Structures are given as structure tokens and as C-alpha cells.
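J.: Residue-level listing of the chains:
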Amino acid sequence: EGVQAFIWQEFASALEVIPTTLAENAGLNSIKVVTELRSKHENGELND
Amino acid sequence: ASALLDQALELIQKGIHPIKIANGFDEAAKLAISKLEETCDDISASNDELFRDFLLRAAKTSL
Ligand SMILES: [Mg+2]
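If you read the sequences in order, they're chains L and E. Per PDB author numbering, the first sequence starts with residue 433, numbered consecutively. Per PDB author numbering, the second sequence starts with residue 126, numbered consecutively.
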């Protein structure tokens, strides 16, 4: 909460760039890949 | 316009097609003007004493 929260949030949004450019090199819809990759990572945890 | 071009930019580096964004903006512009219309106050339902005031209030604003 407060100020130093928005920073972390936009930091977590940044790290997501590696999977994006990984997928965009593969010619995939990087948005579709990540939305589904985060969704599967909210359950099946550390392997997706 | 510039922030809209900036908001597009971030979404492009994400890997999204521009035309689908531009389309995605216009249907999102049509929902903004629609809420404004349904919510905007009106000076037509006014008497003569209160219409010449609202016109001053806008004059004030712009100045
Ligand atoms: Mg003005």
C-alpha cells in the first residue's frame, strides 16, 4: 500500500518482458501466451 | 493525443497489431462520449435568469 507499492507492481510488470520477447521471436501472440502463462502459474506454480 | 500515442507505444512493444489497437481505441472513444452525453448537465431546462449565468460561468472557465 501507499507509494512504494506502485513501484513494485511496475517492477513485476517489467520482469514479464523476457517471456514476451521469447514468445514474439517465436511469432506467437505474446499477450495470449502470457495471460495464459500467468493463469496457469497462479495454480500449477513453478514450471509453466 | 500524445498520451494515447504513448499508451499505444507500450502496447506495441508488447506485440499487438496497431490497426486492432486503433480500432480498439475508437470503440473505446464511442463509450466515453456516450457516458458524457448521459451525464452532462443541461441549460435548456433553465429560466432566462439562470441561462445568462451559466454562459458567464463558462466564460469565467475559459478565461
Ligand atoms: Mg481554456
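Just so you know, not all the hints are guaranteed correct.
Within a straight-line C-alpha distance of at most 25 Å, the following computed SDA-like cross-link-like pairs (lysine to any residue) qualify [unchecked claim]:
| # | chain 1 | residue 1 | chain 2 | residue 2 |
| --- | --- | --- | --- | --- |
| 1 | E | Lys145 | L | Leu478 |
| 2 | E | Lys185 | E | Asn172 |
| 3 | E | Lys139 | L | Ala455 |
| 4 | E | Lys160 | L | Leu454 |
| 5 | L | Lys464 | E | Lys185 |
| 6 | E | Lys139 | L | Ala458 |
| 7 | E | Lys145 | L | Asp480 |
Source of the hints: derived by calculation from the structure; they are not laboratory data.
J.: What hint numbers does the structure not satisfy?
T.: Numbers 1, 4, 5 and 7, in rising order.
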